[PDB]
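Please find one structure pasted underneath; my questions will follow.
It is the complex with one fewer protein chain than it really has, and the rest are unchanged in position.
Order of writing sets the labels: A, B, C and D. Residues in every chain begin at 1.
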Amino acid sequence: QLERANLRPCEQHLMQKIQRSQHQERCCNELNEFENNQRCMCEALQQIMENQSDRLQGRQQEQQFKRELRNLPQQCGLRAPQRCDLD
Amino acid sequence: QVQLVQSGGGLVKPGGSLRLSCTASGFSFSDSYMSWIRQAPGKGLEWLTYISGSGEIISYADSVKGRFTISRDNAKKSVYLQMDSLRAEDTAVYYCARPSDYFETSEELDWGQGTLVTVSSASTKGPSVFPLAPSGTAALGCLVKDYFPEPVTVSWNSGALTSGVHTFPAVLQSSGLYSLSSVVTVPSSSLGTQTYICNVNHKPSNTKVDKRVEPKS
Amino acid sequence: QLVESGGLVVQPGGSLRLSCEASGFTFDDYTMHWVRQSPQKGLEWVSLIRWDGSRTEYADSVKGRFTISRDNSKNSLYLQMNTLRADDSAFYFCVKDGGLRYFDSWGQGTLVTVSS
Amino acid sequence: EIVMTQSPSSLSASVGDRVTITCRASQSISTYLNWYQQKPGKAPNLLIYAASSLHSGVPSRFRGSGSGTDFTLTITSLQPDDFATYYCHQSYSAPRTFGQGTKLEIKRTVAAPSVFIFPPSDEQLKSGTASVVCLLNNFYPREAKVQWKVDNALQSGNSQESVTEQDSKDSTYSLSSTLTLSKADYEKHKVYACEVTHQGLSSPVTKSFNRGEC
Partner (left out) sequence: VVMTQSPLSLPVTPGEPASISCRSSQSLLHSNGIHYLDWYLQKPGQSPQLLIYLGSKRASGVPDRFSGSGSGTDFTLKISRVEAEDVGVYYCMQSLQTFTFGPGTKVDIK
């Protein structure tokens, strides 16, 4: 189930959130498939971090991205995992 | 290395107000939720409130909504609890807690040392000590009555008698004062040839009493 | 400001160490790269170090021979170059990442000559 | 508020037993159920999060299971350090809520209490109050009934009980019940007795006194 996901709209939505929608809607629809499933929701967030790690070449941009990423389930109307390592 | 150092609390009259504070180190305070939890004497844990890192999300348990106010100062790495219109029900040990991670669902993990909050209009009073006289093995004791605040200490023959001793937990009376009894069980034979005294000490009032417990006419 | 030290003539197969002193911005908030400029060859990218120093990535050309390092205390990006070679001769630039993988502020330059 | 309902409230068991504590939520809380251990005077220690996941350092003998409304903490082989109180805890939605708690005590052989009644001291009566104490000493289990009768009349709401925690040496309980009256009320009756019921006793036991005696 995890291998099948298209999290590119989440990566697009987050980096535009850092610069300062079509992708916020599409991102929440993708994340909705993991609602109230903590292990699988965490892997989705981790895979967004994994793909974006090379592109965050600065402490302040990295922390804002992490912060916005931790708030992404809540801002989509979903529960975040109790624990999810983003390092 | 996570440290949670609480401060404040103490004695307060019903209807009064206290501000408990807690300062945190060893984690990213500005990203973490923080919560307050209490435990009344001899009762279970009672979750009270939490506050998001930004301070924009706040929740209060129904038992406390409208009376307490949680706040935080990320620059000071501190979280506060303003308790107003206090009641006797609120007497409890209050715990600061930090969750295990930086999400809104993250469960409490690290706890402060706890702060005792006592809500009472009573004044400091030393106990009155009355004997509980004998009538196989026999039983005798002393009744420590009408003291405030807690605690009191009780030994027998100045620490020489320890076996068979049961010093019961204090009860809070309708008067707002505490009472307890300390009893010791001993052989019937030793009674006349042995002097039994209970040594009661109440530090807040600076009281020491050593009442003898002898049989009766 | 990105003052760049080190960089002298070296023999083939030798070792050299470069330093880069930072001024004008929070050094502990930005990834730092080394990029070199050849006389004949174009602009080549060298190595990488996150602001925390946690991550370090290297160009294929000069990988295993160069090791990158930062001292956030002294605010200095070091490049320890070992096994220098004629192909490694170039002007070496201390590049300041912009936070989103772009070279915002460049240094002035320091030359390295692999020659006998 | 999501109500958390724990069972049992109390539990006695021996070292090596398999213990099971259950927690039922008022509504579906998915896997967002946590388990804490608390020893007296100490802050709780997290055992399990996400209903199945062990916190680092927690021994393997603790195991959690469940999803939805019904959850279970299991201790496969109880150890001496496991006698404490256990709480379930939901972080599914705020305000969070603990279960009522489960105290896990040591099991042992039945033991009848030795009952002792004490009349109020003369020194006390000179103050205008009378306390009559009924003592149950070194018994087990905790379950016990203490009934005050004044001239064969059942008293209600003027007595307070107090119990001790399990004793280190023998793992028994001791209880005291104190009947409080005014000197005036105390002197309008003759017979004071406390009737004690406990399974270790073949029959209920009564200890009585007559206000002028001994």
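The working rule: a contact is a pair of C-beta atoms (placed from the backbone, for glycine too) under 8 Å apart; a residue touches a chain by one contact, two chains touch by 3 or more.
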Candidates C:24, C:42 or C:64 - the one touching the absent chain: C:42
From A:12, A:36 or A:75, residue that would touch the chain that is not displayed: A:12
Contact partner of the left-out chain, one of A:52, A:71 or A:82: A:52
Interface with the undisplayed chain - residues on chain C: 33, 35, 42-45, 57, 59, 93, 98, 100-109
Hidden partner interface residues of chain A, rising order: 8, 11-12, 14-16, 23, 51-52, 55
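Convention: only the chains that are shown with their structure count from here on.
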Computed distance of Cα centres, chain D from chain C, in Å: 70
Centre distance in Å when chain A and chain B are each reduced to the mean of their C-alpha atoms: 45
Interface hub residues of chain B, defined as touching at least two other chains: 100, 104-107
Where chain D touches two or more other chains, by residue: 32, 34, 49, 91-92
